[PDB]
Structures are given as structure tokens and as C-alpha cells.
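> These are the residues of each chain, in order.
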Amino acid sequence: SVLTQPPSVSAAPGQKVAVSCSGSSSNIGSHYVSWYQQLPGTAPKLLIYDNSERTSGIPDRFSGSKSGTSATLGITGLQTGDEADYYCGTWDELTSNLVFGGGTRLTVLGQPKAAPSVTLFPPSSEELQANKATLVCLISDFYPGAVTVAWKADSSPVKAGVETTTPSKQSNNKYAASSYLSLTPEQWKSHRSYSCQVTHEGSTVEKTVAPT
Amino acid sequence: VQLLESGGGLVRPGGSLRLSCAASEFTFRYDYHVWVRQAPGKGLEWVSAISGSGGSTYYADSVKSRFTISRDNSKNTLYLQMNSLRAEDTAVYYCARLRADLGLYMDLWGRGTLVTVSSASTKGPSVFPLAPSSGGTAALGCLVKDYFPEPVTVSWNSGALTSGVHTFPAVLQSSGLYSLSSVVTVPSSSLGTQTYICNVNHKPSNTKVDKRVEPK
Ligand SMILES: [Cl-]
Ligand SMILES: [Cl-]
Ligand SMILES: [Cl-]
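Chains as they are written, first to last, in the authors' numbering: chain LLL, 3 to 27, 27A to 27B, 28 to 95, 95A to 95B, 96 to 210; chain HHH, 2 to 52, 52A, 53 to 82, 82A to 82C, 83 to 100, 100A to 100C, 101 to 128, 133 to 214.
Pulled out of the complex, with its shape left as it was, chain LLL reads as follows:
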């Protein structure tokens, strides 16, 4: 949200990661940063408060620092049990809100990094005959299990009518996701092309379909 974190960090068991948290004068600049650990399917848990202080039970493997408008969570001796979403948080004095970063997914790597395979289908003749249009973006065999999906109508971003899944574990322990763009038939016919853009570990894989 208001604070900026990298979507994904990863390392092998026993190795280290750093999670950056970027804000402004009115939040991180003037106020103390906390870090929250969210294990899969659980409530957040406080790890660190007042920038660098660990809560009870939290090992010295976890460390926090803060300089100006940025903060950093360090984790050394990575264990599979550390796999979680990590959130930075602080007070924002402009809005008088408690604010969070967008979350960082920590993967403790159990297999090689895999870029996603992307398949994009245009609307069927049958759906267009029913006066509707759905673009289907199928995303498979990626690891770690974190992607961002962006839709384009020619060169313009499309944010309306977008429905994207959370990544889910396939049988091979890689991840799958899908994204659906709802259009009018008129929108579909009027553009030169639509694109599904899948960003994984800082690289974008793009597929494009055209009504022609």
C-alpha cells in the first residue's frame, strides 16, 4: 500500500535475505517501524518493533534497522519454517493511519527458480455470440510462487474487469495462477491487440492476442 516492499525475496536453507521497506518523511521518516510475519493461512505475528527490538521467542537471526525514510529486515540462517509473507508497518502523521507495506513473500528455495509459462486465449466465437468477451491468461510451472499480472489494451493499462488467482502449488511443487479480463465485444474488436504481462523475479513474460 503506502510503504513499498519487494514482492519476493529468496535464498537456500542456511543463507540470508534482506527485506527493504521504503516510505516518506510523514511515516517511516518520523515514526518507528514494526515487522510482522504471516505464516501460510495464519494471522500476522509481531517480529520486531521500535525499528530493531525483537519480541519474546524471536531469535537474533531476525534483525531490523531504519535510516531516514527506509527500513530493512534481515534474516540469516534461513529455515524452511521462515517461509511467510513479511509486512513492515508504521504510523503516517499526514493521514493519522496505521500503514503497511504490500508484503514480501520469503521463499526458502527447495528447487531451481523457474520462469512462468504463459498461455493467453482470446474470446471464443460462442461467447462473442452471447454478447460477452473474456480473455484467459494461464500461468504455470513458476517458482518461487509470486507473480504480478498486468493487462494492456494496445499500449494502455486495463485495471477494470480483472480477476487474478493467488498462486497455488502444482503436483511438481511449482506454482500455477490465472487471470481473467472481462471486456465488451466492442472493446475486443476496436483494439489492435490485448496483452497479458506476467512479472516473475523482476522479468516480464508477455503474450498478445488480436481480433484478426
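The hints are simulated quantities; they were obtained by calculation from the structure and are not laboratory data.
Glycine included, C-beta positions come from ideal geometry on N, C-alpha and C.
Errors might be hidden in some of the hints.
[What the hints assert, rightly or not] Only pairs whose alpha carbons sit at most 27 angstroms apart, straight line, appear in this in silico DSS-like list of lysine-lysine:
| id | chain 1 | residue 1 | chain 2 | residue 2 |
| --- | --- | --- | --- | --- |
| 1 | HHH | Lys43 | LLL | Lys45 |
| 2 | LLL | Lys18 | LLL | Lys45 |
| 3 | HHH | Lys206 | LLL | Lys130 |
| 4 | LLL | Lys111 | LLL | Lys66 |
| 5 | HHH | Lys43 | LLL | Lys157 |
[As the list claims (entries may be wrong)] One side only, chain HHH facing chain LLL, incomplete, derived with CB under 8 angstroms:
| id | residue |
| --- | --- |
| 6 | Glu46 |
| 7 | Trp47 |
| 8 | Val63 |
| 9 | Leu141 |
| 10 | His164 |
| 11 | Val169 |
| 12 | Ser177 |
With chain LLL fixed as given, assemble chain HHH with the ligands onto it according to the hints.
Chain HHH with the ligands alone, transformed into the frame defined by chain LLL:
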């Protein structure tokens, strides 16, 4: 030492829901408490805060004038009254303790309660073929669009075809309806000679469709 949320569940758009959070700690009345929510697959969003004895309340602009935070210290209970609920309010709602040392931090969290804002009722899917485009392989599939509830079963050629088949987990849309897709990867040389049929069954709506998927 714990917080436990209750009152979550299914509510129609425009409806109301009262969440409760029961606190075990004697110190409950001496601490600020908050509601934080998390939309499925998304980040934490702080919602509301209340002082020890309710003299001060804070709200995110996203819930201001629709939501009211309150507490009854005699019952060690925190409340969130949510009126005029919208689909974008669908989330796990957490109650948490807000404390100050040098600065602010949320040191104790409840388990969370799911709030689903939806008027989704039993509905069969529309099944559309995803035709193969005109590594010597073609992807073809079937779109299973706008059904409720889970689950649907998809097979290809009545289970004869398994290699190359990927049936994707369903998307739960803001509408509260599901969609899923199944894809099979086949040789481009096969498209002229082989028949590909996706077999879709949605038992709750008695919707069973065999859709032939052909080129173009
Ligand atoms: Cl107080
Ligand atoms: Cl008060
Ligand atoms: Cl502070």
C-alpha cells in the same frame, strides 16, 4: 493471553455485520485496540483504532462513516459495526492490541474471521471452447465461466486424455461467482485428425456439458 474474533460469515451487498473480539487479559481496558483486514491474496489494511475507554476513535477513509468501532470494558470485548457493506469489504478481519514503547506496534493478534460480501446463489457455468491458435505443439482448452458454488470436475475425452492436461484452480471473482479453465497441450499435426472434448460437471446446478474444441 489471546484475542478471539466472532460474528464473521456471509452478508449481502448493502447489508450489516457486527464483529466481536473477546480479550482474556486483565490489561485489555488499559490498551488501544485495532481492526486490521486482509482481502484474499492481498496485503494488510488497517481499518479502525479505539483508545482504552473509547474517548478517541480512528478510521481509514475506505470505511469512514460506514464502520463504527466501540468496546465494552466490563465484558473485555471490542466491536466493529459494519454498515452498507460492499464486495471490496470481503476480507479476513483481525482484532489486535496497539501499544506504545518508543513508537506504536501491534503486539497481539486474533486468529481472524472471514467476512464474505456476496449475493452469489447456485448457478451453472457457461462452457466455452478455447480454440487452438492458427514447439510443434498447440494449447487448446475450455473456459468454465461464472458458477457457484464449488466444485466443478473437468476431464478430456472422458478421462482417456491425461498427458498435457492442466485444470487450473478457480478464481473467486468480486461478484462471488467462480471461473476456471482447463488446457491440454497437443501436437499441431493432431488438430486435423483427433477430436478434443472437455467434459464439465457442476453437480449443484445439474449442469453437465461435453464441449468439442476445434481449430479456428
Ligand atoms: Cl487509552
Ligand atoms: Cl479513552
Ligand atoms: Cl511512532
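> Which of the numbered hints are not met once you compare them with the structure shown?
Hints 4, 8 are the ones this structure does not satisfy, whereas the remaining hints hold.
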